[PDB]
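One structure coming up, written as structure tokens, with questions to follow.
Note that this complex is displayed minus one protein chain, with the remaining chains in position.
The chains carry the letters A, B and C, assigned in the order they are written, with residues numbered from 1 in each.
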Amino acid sequence: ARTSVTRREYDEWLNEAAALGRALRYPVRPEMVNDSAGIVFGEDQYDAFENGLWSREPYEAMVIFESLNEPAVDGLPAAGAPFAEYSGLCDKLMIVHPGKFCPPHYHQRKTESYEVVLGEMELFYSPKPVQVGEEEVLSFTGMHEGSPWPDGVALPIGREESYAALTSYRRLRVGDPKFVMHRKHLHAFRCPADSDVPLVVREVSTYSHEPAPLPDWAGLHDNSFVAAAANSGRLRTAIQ
Amino acid sequence: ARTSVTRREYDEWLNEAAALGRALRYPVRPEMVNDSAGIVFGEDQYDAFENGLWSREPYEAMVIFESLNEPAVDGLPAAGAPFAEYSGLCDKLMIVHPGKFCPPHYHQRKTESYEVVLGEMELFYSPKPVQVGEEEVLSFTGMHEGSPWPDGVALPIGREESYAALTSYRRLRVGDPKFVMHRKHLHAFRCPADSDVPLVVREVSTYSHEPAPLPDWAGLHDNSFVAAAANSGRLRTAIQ
Amino acid sequence: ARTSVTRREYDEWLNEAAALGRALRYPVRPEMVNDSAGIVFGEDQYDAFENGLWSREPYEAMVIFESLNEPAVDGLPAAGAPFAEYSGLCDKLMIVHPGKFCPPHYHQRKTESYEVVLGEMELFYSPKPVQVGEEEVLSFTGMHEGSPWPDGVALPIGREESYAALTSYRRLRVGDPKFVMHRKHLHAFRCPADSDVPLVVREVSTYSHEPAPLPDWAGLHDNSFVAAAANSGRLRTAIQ
Partner (left out) sequence: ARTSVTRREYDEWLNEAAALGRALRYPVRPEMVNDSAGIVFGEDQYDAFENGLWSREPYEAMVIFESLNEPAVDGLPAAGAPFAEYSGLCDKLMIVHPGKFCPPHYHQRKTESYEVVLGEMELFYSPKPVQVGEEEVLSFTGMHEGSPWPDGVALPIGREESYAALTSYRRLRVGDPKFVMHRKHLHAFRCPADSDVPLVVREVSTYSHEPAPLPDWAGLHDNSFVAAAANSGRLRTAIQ
């Protein structure tokens, strides 16, 4: 069971990913292609590189080039500081290879939108949000129900369970309408294992908190993954 | 002095603009190409169509295809409703022809980011925000100073003044970093008059209020144009 | 019945076409955007501009940006001069708006290939080549049969006849294999009248003779259009 990705493996992975992005017209500047864009969700997932990203095997891994992550604090009424973290502007391109996933997780503050740039995205999610604290929350459009998963979705071994709660399915393609994923909703997507290209999608969402706009913003955790193993990973990718 | 755009003029304008968008890989669906995307800022500006969009003359006009404008209310703490309008997710592509402008204006709630897809964008703005009400506002990164205007920027006749306060300049190109324009800041951009293609840019910003997420969101005006004439226009484009 | 295209009409037509080209990644340099790229096939066809290129009306018109047209004479054996004209390298992008056609014609020397860049191309042609002279010609792969025309192909009024001989149909899309159109074959294509974007296609073919590589190449006519009217046009477009 591999426990890390080699330097060559990582660089080629993010270097191909970077060029594929620019071609697809995304402003990926070298500053952004770094030892953090490449993500492996868990020590169990480093086996993704035992056969390669073109192996078509079910693993939790991806690359994320972030071009923007504006807090949007400036100009906001002082009385809005308490809730300023539920706002903000994040823009990032994500690259997922055939068969690979972006593990089941939900965000307390972040609300995301998806725009397929290349390939097809099989989105999985829970139509019901999670009750984060006894506090009262607003409603409006919520998350619709969606469709039944298509047959044959191979899930990473040992993470089979983390997908249970994500009953709703959705197939987003290039050209489709923008898809909104409200905070507090369990989501996860994958690139069809039999894809001919890597899934590529522009994520326009609210601020991305990653472990100072405001003092109370200091190291906030906004990523909550079902499978605990995934949590010990998103933090960084072990590169030899 | 023409006082409206003919049906053919408008359709060709938005239909070229629509195709140009899809080619540049923006998800412009026909639903979005409507009698509203095409905007003429003021009765004084319908003269843009006397010689055409490729006349290279200084006029205030543009097309905006909006793919997303999510309120981001769902999942927000009830106690955040008062400030929920300062958040939200808007995604739109804008097309500005050579010599044309997006008139001087500022938003009280909206914070924008720019990503040049095609061409070059000559951004003009005021380094100081405006004092909207006696209420207290937050700070953090603010707006940097920028550079002096390049010589020879022809401004639309009769609107010469509205650009005065926008002393800071900036030339954003394809590939450059995401450019953030904080709310309360006077902004305005143009496509260089001697351009060979239309300027095209992806605007990722906070919710765009246009004349119901929450009761108090009912018909909110978040667009404040310097030149009053521009105001009586953004509302709609007179098409014969 | 309009008998010419105005300067603004022409410029806007080729200027939108030019930018759409670069966006689709075709090397359209300004030298190429000239008073010749825009083509109207016959005086009967200037009525295309009566309602516009977005009229969706059946007319023979198009724009052709030629990036290459190499004779490929250098390095060729002296003994090959007689047949050097059937060789050469031409590279051009073509833009056809919804409902418009590229009139029925055949080339004696030129053999073309099509690559759909944007939109869909409805190709019409004759499965049998024409007997040009009593001279003996070679064979090999020839032109396959193809399919029946789909219902509802509106043809330009008065040119209805010139399409008779082109019984074979073919719908080429972006991604499809390269389609080869051998010389001596009657062809003509159009952009589906109900298209949402202009048809755009990369034509890679042999040398394009337009009214000196070799003395005998001096002003050669390699374009032979069925409808006589089309012939007196391809020469130039009447611009006011």
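Going forward, a contact is a pair of C-beta atoms (placed from the backbone, for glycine too) under 8 Å apart; a residue touches a chain by one contact, two chains touch by 3 or more.
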item	value
Partner chains on view for the chain not depicted	A, C
Residue touching the undisplayed chain, where the options are C:40, C:117, C:226 or C:230	C:117
Residue, one of C:74, C:145, C:151 or C:194, that touches the chain absent here	C:74
Chain not shown: contacting residue from C:100, C:170, C:183 or C:187	C:183
Absent chain, residues of chain C that touch it	22, 24-25, 27, 29, 67-68, 70-84, 86-89, 91, 111, 113, 115, 117, 129, 135-143, 174-178, 180, 182-185, 204-206, 213-214
Hidden partner chain, residues of chain A it touches	8, 11-12, 15-16, 18-20, 22-24, 30, 51-54, 118, 196-198
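Simple rule for what comes next: only the chains that are shown with their structure count from here on.
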item	value
Central chain (distance from its CA mean to the mean of all protein CA atoms)	B
Approximate Å spacing (C-alpha centroids) for the pair chain B, chain C	40
Distance from chain C to chain A - Cα centre to Cα centre, in angstrom	47
